[PDB]
Every structure is written in C-alpha cells, then in structure tokens.
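Asker: In case you want the letters, here they are:
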Amino acid sequence: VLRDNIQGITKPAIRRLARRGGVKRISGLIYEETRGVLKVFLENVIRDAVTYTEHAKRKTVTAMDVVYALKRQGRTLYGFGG
Amino acid sequence: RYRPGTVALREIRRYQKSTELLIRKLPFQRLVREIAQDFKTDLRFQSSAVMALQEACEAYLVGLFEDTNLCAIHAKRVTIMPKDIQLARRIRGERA
Amino acid sequence: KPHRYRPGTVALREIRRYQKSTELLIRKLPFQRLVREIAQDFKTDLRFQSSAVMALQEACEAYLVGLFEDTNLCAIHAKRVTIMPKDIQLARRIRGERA
Amino acid sequence: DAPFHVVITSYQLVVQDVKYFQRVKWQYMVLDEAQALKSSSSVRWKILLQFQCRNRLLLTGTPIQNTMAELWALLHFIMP
Amino acid sequence: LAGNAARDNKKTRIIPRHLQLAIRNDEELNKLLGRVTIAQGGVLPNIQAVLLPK
DNA sequence: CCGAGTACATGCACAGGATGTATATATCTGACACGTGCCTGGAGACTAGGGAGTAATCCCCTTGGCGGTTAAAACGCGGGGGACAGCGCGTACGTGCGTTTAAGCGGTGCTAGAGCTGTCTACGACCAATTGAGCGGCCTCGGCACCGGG
DNA sequence: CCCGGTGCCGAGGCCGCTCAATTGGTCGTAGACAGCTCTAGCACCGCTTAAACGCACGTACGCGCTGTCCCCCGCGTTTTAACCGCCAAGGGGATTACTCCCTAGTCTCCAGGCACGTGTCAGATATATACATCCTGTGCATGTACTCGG
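Chains as they are written, first to last, in the numbering used here: chain A, 1 to 82; chain B, 1 to 96; chain C, 1 to 99; chain D, 1 to 80; chain E, 1 to 54.
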C-alpha cells in the first residue's frame with residue numbers, strides 16, 4: 001500500500017501515549033492533531049540537530065546533536081550523553 | 001457481576017509500570033528520515049540519536065496529553081479535544 | 001429616567017482604554033511599600049533605586065496582564081465570561097509555575 | 001472452521017462466557033445434576049433457554065415431589 | 001532518596017526507576033530537574049479522581 | 001356483611017464457591033563487579049613574579065522626611081445578566097471479534113566516513129606607539145503634553 | 001474623537017578631551033588538509049507474530065436547553081492618600097596607598113580509565129499458592145389475599 005510516514009503513527013500508539021498521559025476518553029479528531037503537533041516537534045528538533053551536523057562537516061547525525069537541539073529547545077534529555 | 005474492564009485496565013497499569021517506547025521503532029525512524037531529508041539530503045542517523053528523538057518526542061506527547069487532559073477536566077468533560085490540545089499549547093507558549 | 005449602560009459595555013470600554021494606553025495601573029507608593037516590606041523581610045537594612053522599583057512594577061504588572069490573558073482563555077474555554085481562581089490555577093499549572 | 005463436537009462447560013463459565021457461547025449453535029445439550037434448574041427465576045434457566053437448540057437431556061435424581069415448582073420448571077423448560 | 005525508594009521497592013540496587021521515583025517524589029528535585037527526562041525511569045503512577053469508576 | 005385464619009407468595013440474610021488479585025519463590029543470564037598491569041594525562045609541590053581589589057578618606061548627589069491639593073479609592077444600591085445545576089436527546093467513542101499487515105529478530109554482506117594521526121602554516125594574542133570616535137557637558141529649540149470647543 | 005492654540009523640558013546638535021581603536025611588528029600554535037582504517041551505519045531477506053485495521057453495537061458522555069438565584073456591574077456620593085515641591089545627610093562613588101592571592105614554569109609523583117578476562121549476582125521473566133471480594137443459591141420468617149364461618 002501507499003501511506004504517509006506521518007500516518008505511520010498509529011491510532012493505538014497515540015492511544016497508549018494518552019493512557020500514559022492519564023487520558024481515559026479520546027476523541028476521534030485527537031489522533032490527526034497529535035500527528036500534526038508531533039510533526040511540528042520533529043521539525044523543530046531535527047532542524048537544529050541537522051544544523052549542528054552541517055556545522056560539524058559530517059553527513060551522519062549523532063545523538064549528541066540531538067541532545068544539544070533538545071538543550072537549546074528546553075527539551076534537554078539525560079542518558080544519551082552531554 | 002464483577003465490574004468490567006478487568007484485564008484491559010490491568011494491562012494499562014502493567015504497561016505503565018513497565019517502561020518502553022510506545023511508538024513503533026521502524027515507522028518512527030522512517031518519519032525521522034523523511035523529515036530530515038527535507039533539511040539535508042543523504043543524511044545518516046545514529047541508533048542512539050533516533051532513540052533519543054523517540055524518547056523526547058514520547059515524553060513531550062505524554063506531558064502534552066497530561067495538560068490536555070487537565071483542559072478537558074476544566075471543561076467538565078472526560079474526553080480530550082483538539083481545542084483542549086490547542087489551549088494546552090497556547091498556554092504553554094508553543095503557538096499564538 | 002436616569003441613564004444606565006448595560007453590564008459589560010463600560011467593561012469593554014475599559015478594555016479598549018487600558019489596552020489602548022501604556023500607563024501603569026498600580027499605584028506607585030503602595031507597591032513601593034510592598035517591595036520594601038518583602039525585601040525588608042528577606043534582608044534587613046536594604047536601600048532601593050527608583051529605576052529598580054519601577055522595573056519591579058513593570059515586570060509585575062505585565063506578568064499579571066499575561067496571566068489575566070491566559071486566565072481569560074481558560075474561562076472562555078470553560079464557556080464562562082467570568083474568570084475564576086480555578087482558571088488562574090489552571091493557567092499557572094499549564095505554564096508550569098505551580099506544576 | 002469448526003473442528004470440535006462435544007465440549008464441557010462450567011456453570012459459572014457459562015454465565016461469564018455466555019457472550020461467546022450464545023454466538024454458536026448447538027443441536028443438543030446434556031445436563032448432569034440438574035437440580036440447579038429448580039428455580040425458574042435464576043439466570044441459568046433463562047440463559048439455558050436463550051441458546052437455540054433442538055433437543056435437551058437432563059439426568060438427575062432430584063426429589064421433584066418436594067416442591068411442585070421444581071417439576072413444573074423442568075417440564076416447562078423442555079416443553080414451553 | 002534513591003536508596004529510600006529502593007528500600008521501598010525491596011531492591012538493594014539503585015535502578016533508573018528508583019532514581020525517577022526519588023527525583024519526582026521530591027518537590028525541590030522535581031523543580032530543578034522538571035525539564036530533565038530520565039531514561040527507563042518511567043513516571044510516577046497517577047490516576048485522576050474523575051477517571052475513577054463509580 | 002365482617003372478622004378470623006390458612007395458604008401462597010415473597011423478601012432478606014447467611015453461607016458456599018468461583019474468580020480476580022498479589023506476593024512469594026525459582027532460575028539462568030546480561031551486567032554490574034573485580035582483579036592485572038599501562039601509562040599518560042593529571043595533581044600537587046616548590047620558586048619567582050605580577051596585580052587587582054581591600055581599606056581609609058572625602059567630596060557630592062540622590063534618598064527620606066515635612067505639609068497641602070485635589071483625584072482616586074471606597075462604600076452603598078439596585079437590578080440584571082451570568083453561573084451553576086437539572087435534564088434529556090443524540091451520537092460517537094469504547095470494546096470486542098475477525099482479518100490483515102508490517103514490526104521485531106538477528107543473519108549476512110558492504111562500504112562511508114568519523115576518528116586518529118602526521119605535517120606544515122596563516123592567524124591572532126601580545127606588546128608599544130599614535131590618533132581620532134566617542135562621550136560627558138552644555139545650550140538652544142521644537143514635538144508633543146495639555147487643554148477647551150465641535 | 002478630532003482640531004487649533006500655547007508651552008516647556010526633554011531631544012538633538014555642538015565643544016572638547018582621552019582612552020580605546022588602530023598601525024606596525026613578532027611567535028607560535030591550533031588548525032587545514034591529506035593519509036589510513038575500522039566501526040557502524042546502511043541494505044536485504046526470511047520465519048514469527050503482535051500489533052494494527054476494519055466493522056458491529058450500544059451505553060454513557062457531549063451538548064443543548066431551561067430555570068433559579070445571585071454575584072458582580074454601573075452610578076452616585078463620601079473619605080483617604082498619592083502626588084508635587086523644599087531641606088538635611090547618608091550613603092554611592094572618586095582618589096590614593098599597599099599586600100595577600102593567583103599566575104607562570106618546571107619537575108616529581110599519585111590516580112584514575114581502559115583492554116581483557118574472570119566470577120559473581122541482582123533481578124527480569126513466569127508460575128503457583130494464599131487471600132479476598134462478591135455472585136449465586138438456599139432457607140427461614142413475615143405479609144397479603146381469599147375463603148369460610150358466625
């Protein structure tokens with residue numbers, strides 16, 4: 001079949017994310033909106049990380065670039081180095 | 001009769017206790033490579049980088065679902081709505 | 001016979017006026033006494049500059065303005081024209097101050 | 001696919017599993033120790049009468065002479 | 001607080017779950033690290049009062 | 001025609017039993033845990049040299065403290081429109097079952113470039129002398145504060 | 001809210017001095033670039049199957065409506081103090097004198113960070129028994145109705 005990678009995030013997966021988020025009842029229009037916000041988030045982090053990768057003259061995006069993008073975005077993460 | 005929901009609820013509790021990524025690895029990685037392809041062509045990614053992106057993304061969606069659920073509860077509704085999400089991100093400062 | 005405007009008309013008028021001008025809506029001397037009271041409680045024998053006090057007044061008034069904006073958004077999301085302490089607590093909760 | 005013929009179902013498992021069991025058709029039924037049907041207002045009687053069946057068989061030594069409602073319920077269950 | 005959480009979990013070895021319980025269960029540790037995500041630590045179990053049945 | 005009584009129906013309480021729950025236990029395994037020697041990047045000790053801020057005055061503005069003036073805060077009133085609760089209609093969101101798909105696994109093959117490394121070099125810190133761009137200061141002036149009629 | 005008049009103090013332009021920016025000159029060192037490599041990222045393909053997708057059904061939650069009750073909102077009058085100027089003097093800052101602390105350099109030396117192999121060891125999964133809650137069935141006592149007798 002032919003399907004979009006943003007559609008690759010399944011409704012039961014978003015449902016599990018909301019269950020971990022403490023959501024008992026989920027509207028049908030929640031899933032597409034969550035895909036949109038997800039795409040916005042990845043467009044925000046991946047832009048900065050790829051920018052670090054370009055400033056590093058490297059063609060491979062490392063985990064440190066991700067940690068730094070999350071750091072400048074306030075998303076800073078632990079366990080992957082930094 | 002015993003109150004239903006039973007097993008399913010038990011699996012929600014156990015799946016919340018045991019920690020694992022709720023988004024599928026290969027689809028999420030295809031999405032990451034697709035989004036990065038627009039920024040820079042012929043990019044390579046580290047497994048730790050993709051796993052970090054999935055951790056931060058899933059955590060962000062969990063918190064956003066928490067604030068969204070708080071918006072729904074403040075609306076006297078037990079069901080989250082795109083207006084609850086938009087209000088959550090609005091007060092968060094991510095939009096408008 | 002005495003002319004009286006309906007409730008909310010003068011309220012929107014004050015919205016347009018105070019949203020129209022830049023002036024500070026809190027009195028200078030009482031706010032200065034509050035700053036000297038809190039700062040006096042933290043550290044004794046403190047002196048202050050007029051520019052510092054006016055800075056505290058600007059930051060405080062603007063913070064309360066934005067908090068009233070998000071609070072009004074909480075009330076409108078609650079389908080109520082009146083803000084409420086639960087709207088304020090929700091605004092600060094989603095902001096992450098008291099979260 | 002229906003690679004089964006005879007099965008054994010528990011009394012409580014028929015009440016809790018009655019949702020899955022009511023979706024299948026059975027041409028006969030056998031009941032050992034049928035004294036549980038003495039009460040016509042019980043859920044086991046209506047649950048047993050809800051399933052579509054042709055013939056029924058109940059083998060028990062219950063003393064139907066004690067209460068006329070027990071013998072009347074056993075006669076009305078097979079022949080309504 | 002991590003060793004306390006491990007003793008509460010009947011474990012003699014500190015795990016990222018115990019670290020998450022220790023950091024999030026403390027108010028000041030949650031204020032500084034609130035922007036920090038702990039890997040394999042999960043989150044504090046929480047169920048809203050409106051989500052409870054009956 | 002009314003009251004007594006017998007009979008049938010019924011409802012509540014107790015006890016048995018089934019199913020859900022949770023912890024106690026068992027076990028093999030990834031991973032902490034523990035030597036064994038390497039060494040090279042560190043960590044400290046020991047002279048010599050530099051230097052900026054502590055300390056004491058002291059001149060000079062910017063606070064903190066006196067008495068009036070009206071302008072805003074406050075108190076009250078009245079009714080009006082908004083919050084909150086009750087209720088009902090509808091539909092959609094949840095749960096279960098069956099069909100379908102691609103996700104997880106780990107097995108193999110291949111090479112791309114992040115990284116280590118080795119050499120040679122232009123750029124900048126650094127130091128000294130010279131110069132004018134910027135800044136305190138002062139004054140003149142005009143853009144907008146204030147105001148009363150349309 | 002818009003328009004014409006007056007007015008004043010803050011904006012903007014000039015003067016002059018000095019200290020930072022600039023010009024000239026040197027050392028060296030981090031870096032640019034090429035050489036080599038070996039890990040890890042990429043691609044692929046098959047057995048397994050858990051998760052996803054689609055659909056049916058109804059139950060409970062959104063949502064729309066209505067009604068009451070009040071709790072803010074607009075307006076009038078009444079009371080408090082914020083606000084705008086003078087006058088000491090208490091501090092915030094210039095100016096000078098001087099020392100404890102750190103810089104820099106060079107050996108001498110304790111310490112930690114891995115390459116490797118070895119031995120544990122909590123602790124991730126599952127299974128089963130013990131506990132508990134309630135669902136169901138049975139039994140006993142009480143109440144209502146109908147029939148018969150006075």
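Just so you know, the hints here were simulated from the structure itself, not pulled from any lab data.
Built from N, CA and C at the ideal position, the CB exists for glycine as well.
Misleading hints may appear alongside valid ones.
Claimed, not checked - PhoX-like, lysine-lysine: derived pairs with alpha carbons at most 20 Å apart:
id	chain 1	residue 1	chain 2	residue 2
1	B	83	C	1
2	A	39	B	25
3	A	59	B	40
4	A	39	B	76
5	B	17	E	10
6	E	31	A	71
7	E	31	B	17
8	B	25	A	24
9	B	83	A	39
10	A	39	A	71
11	B	83	C	43
12	B	76	C	79
Unchecked claim - Among the chain C residues that face chain B by a calculated CB cut under 10 Å, a handful are:
id	residue
13	16
14	20
15	36
16	37
17	68
18	78
19	90
20	91
21	95
22	96
23	99
Asker: Next, verify each hint and record whether it holds.
Answerer: How the hints compare with the structure:
1. Straight-line distance between C-alpha atoms of residue 83 (chain B) and residue 1 (chain C) comes to about 45 Å, which puts the hinted pair past the 20 Å bound.
2. This hinted pair checks out: residue 39 (chain A) and residue 25 (chain B) have alpha carbons roughly 16 Å apart, not beyond 20 Å.
3. About 9 Å separates the Cα atoms of residue 59 (chain A) and residue 40 (chain B), which keeps this hinted pair within 20 Å; it holds.
4. In summary, the hint linking residue 39 (chain A) to residue 76 (chain B) is not supported, as the alpha carbons are separated by about 29 Å, beyond the 20 Å threshold.
5. At roughly 16 Å between alpha-carbon atoms, residue 17 (chain B) and residue 10 (chain E) fall within 20 Å of each other, so this suggested pair holds.
6. Simply put, residue 31 (chain E) and residue 71 (chain A) have alpha-carbon atoms about 17 Å apart, close enough for the 20 Å limit, and the pair holds.
7. Restraint check for residue 31 (chain E) and residue 17 (chain B): the C-alpha separation of about 23 Å exceeds 20 Å, so the hint is violated.
8. For a cut-off of 20 Å, the pair hint linking residue 25 (chain B) to residue 24 (chain A) is broken: about 25 Å separates their Cα positions.
9. Restraint check for residue 83 (chain B) and residue 39 (chain A): satisfied, since their Cα atoms lie roughly 18 Å apart, inside the 20 Å limit.
10. As the CA atoms of residue 39 (chain A) and residue 71 (chain A) are separated by approximately 19 Å, the hinted pair is consistent with the 20 Å bound.
11. Taking the CA atoms of residue 83 (chain B) and residue 43 (chain C), the gap is near 46 Å; set against the 20 Å cutoff, the hint is violated.
12. Taken as a hint, the residue 76 (chain B) and residue 79 (chain C) pair is honoured in the structure, with Cα atoms around 10 Å apart against an allowance of 20 Å.
13. Against a cut-off of 10 Å between C-beta atoms, the interface hint on residue 16 (chain C) is violated, since the closest Cβ of chain B lies about 21 Å away.
14. Hint status for residue 20 (chain C) relative to chain B: violated, with the closest Cβ pair at about 22 Å, above 10 Å.
15. A distance limit of 10 Å between C-beta atoms decides the matter here; for residue 36 (chain C) the minimum to chain B is near 33 Å, and the interface restraint is violated.
16. Taking 10 Å as the C-beta contact cut-off toward chain B, the hint placing residue 37 (chain C) at the interface is violated, the least distance being around 31 Å.
17. Annotation: residue 68 (chain C) was flagged as interfacial toward chain B, and the flag is violated, the nearest CB pair being 13 Å apart, outside 10 Å.
18. Below 10 Å, beta-carbon pairs count as interface contacts, and residue 78 (chain C) has one with chain B at about 6 Å; its hint therefore holds.
19. A hinted interface residue such as residue 90 (chain C) counts as satisfied when its beta carbon comes closer than 10 Å to some beta carbon of chain B; here the least separation is about 5 Å, so the hint holds.
20. Because the beta carbon of residue 91 (chain C) sits about 6 Å from the nearest beta carbon in chain B, less than 10 Å, this interface hint is met.
21. This hint holds: residue 95 (chain C) has a C-beta 6 Å from the nearest C-beta of chain B, less than the 10 Å allowed.
22. Annotation: residue 96 (chain C) was flagged as interfacial toward chain B, and the flag holds, the nearest CB pair being 8 Å apart, inside 10 Å.
23. A cut of 10 Å between beta carbons decides the hint on residue 99 (chain C): the least distance to chain B is about 9 Å, and the hint holds.
Comparing the model with each earlier hint shows violations of hints 1, 4, 7, 8, 11, 13, 14, 15, 16, 17; every other hint is respected.
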